[PDB]
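This document opens with one chain alone, in structure tokens, the form deposited without this ligand.
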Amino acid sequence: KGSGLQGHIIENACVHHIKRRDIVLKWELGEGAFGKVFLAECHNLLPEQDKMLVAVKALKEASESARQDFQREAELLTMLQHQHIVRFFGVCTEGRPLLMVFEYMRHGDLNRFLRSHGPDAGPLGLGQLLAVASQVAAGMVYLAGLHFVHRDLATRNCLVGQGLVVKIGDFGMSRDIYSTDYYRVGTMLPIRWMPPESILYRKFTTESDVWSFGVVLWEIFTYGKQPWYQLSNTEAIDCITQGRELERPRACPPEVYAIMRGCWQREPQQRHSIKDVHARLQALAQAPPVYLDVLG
């Protein structure tokens, strides 16, 4: 198992328990090899809300090892509390399937949102793209502050709620729903988002997270296009290990492309810290550069 949650547990809460009958399953949001994700109504969870919408992750396996891993993940999810981290509400361990309850983010994953609010399928403007980038960076600042390495930072692993609120978080099904974004070697790795040291040594750090954040900026400013989309997985590995960089997207002002390039320094020690990246994006989101994508 290679989730960022398990990776943090290995390197390092009173979990709230929700009664099964308080959860009313409404629709299936997705499914993977591990189980299913549902849209549900949850009673007795938030004070002024009787039928609040939640997203419910259901685990197919209920063995002793999966049950102990589930408990440790739930203790860690309970501890993660930030305005730009998806809210975790608790568990239901009344037999099979084990359930994890999260807030429901009505606009779905950020990749799906960017593609549905993009030009080739109105379009999000420069100020909205900068606000999305700044919120993702805020969530990454919080995780770096806890020495938490994400390991799979990408727009598919961010969620969008009402009022353009963007949060980091996923229901653990990206390797199934977005299998095209991963490549097997031995273990499914998101190679298009990884720096050279992670593809070569399979080592993930706060520095490889900053590189992936640079790739997130590129996804944002292309409205959700796949990095290196013209190339196969093996050709993408060669580009990255040879030191080739993604081209500046047309909607991307040179000022944001300079931030992307600072994330993509070949030497991990030469990359910008996420705190510096966040401060630069926050400044641009409050005062957008006068850039007209039509004029290049």
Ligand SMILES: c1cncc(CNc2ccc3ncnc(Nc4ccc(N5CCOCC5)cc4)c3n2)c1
The other form holds:
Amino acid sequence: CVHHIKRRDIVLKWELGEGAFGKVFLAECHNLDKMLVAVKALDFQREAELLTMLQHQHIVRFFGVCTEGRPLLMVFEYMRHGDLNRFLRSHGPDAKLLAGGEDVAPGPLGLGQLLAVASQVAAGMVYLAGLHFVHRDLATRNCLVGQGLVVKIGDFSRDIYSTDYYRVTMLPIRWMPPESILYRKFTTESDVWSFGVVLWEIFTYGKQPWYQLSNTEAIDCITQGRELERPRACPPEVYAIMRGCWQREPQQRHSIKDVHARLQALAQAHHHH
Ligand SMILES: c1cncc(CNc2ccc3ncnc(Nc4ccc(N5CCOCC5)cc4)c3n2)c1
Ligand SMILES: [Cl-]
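Mind sharing the form solved in complex with this ligand? What's above is the form deposited without this ligand.
Everything in the complex follows now, all chains and molecules, and the chain you saw is the first one.
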């Protein structure tokens, strides 16, 4: 089902960044005549199958693979502003004094932009839950930002701090509910919990959840029922949505459809203000 692209049709331009299990290049792709794309260089067939199967406005567009020798390539649409975690951090309260001279309006993202970012990640999660698909690793580091604040889920691995994953098989324990940490029970309800944690990342401008703690201390705090504090930039109504995602019992957590509807209502009420 995965579309195969000829190596000759892929012209690598320059590296955009590099992660753990691969590199990311800006490239030009022919016969897709001349298109600007992002190429990830390294199961490969299973991850490619998933990206082929998924098709939504808030899931990164996938064009196919190149298995003509080595290295294995994955072709995606180019998302200009990169990963959402770095985007949040570089557009936070300390965006002006740290940004470059050419950078357009350096400063923190306003409430309207934070809600639009949150609403687009939720739209992608609504699509995944409708297909009974469990992501298992939802976090801003796995999201991408394109021109005009277009936000999409881009991956189904890399990290900002090495502490994002815990060796139990690497688990993103800071994003996980107690049933996932304790029994590896992954469901659309464990994904809604991770979405509540993504909301916390958005409203802290990309801070690591439980940053003050080591992964073993975070496991203890999470399983004991400790809740992440309300971020300074988070309105009380957004924190109430986070708490709805964080109900201890998986079946008591708000559905992603209701979370999305509430984020969309708040975003619409703030558009003209
Ligand atoms: C990340 C999240 N989700 C999916 C991925 C792979 N998939 C895709 C697809 C399309 C892409 N279009 C542009 N950029 C992409 N990724 C990219 C570019 C630069 C960085 N860095 C490295 C660290 O310092 C700052 C710059 C990071 C990631 C990208 N990744 C990657
Ligand atoms: Cl509340």
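Think of the rigid core as the biggest set of C-alphas that the two forms share within 1.5 Å after superposition. Residue numbers count along the first chain shown, from 1.
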Which residue, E245, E255, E28, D238, is displaced 2 Å or more at the Cα between the two forms after superposing the core?
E28
Does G163 move appreciably between the two forms, meaning a CA displacement of 2 Å or more on the superposed rigid core?
no
If you line up the core, does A74 shift 2 angstroms or more at its C-alpha between the two forms?
yes
Shift of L98 between the two forms at or above 2 Å (CA, core fit)
yes
So if we fit the rigid core, how much does the CA of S116 shift between the two forms, in Å?
0.6
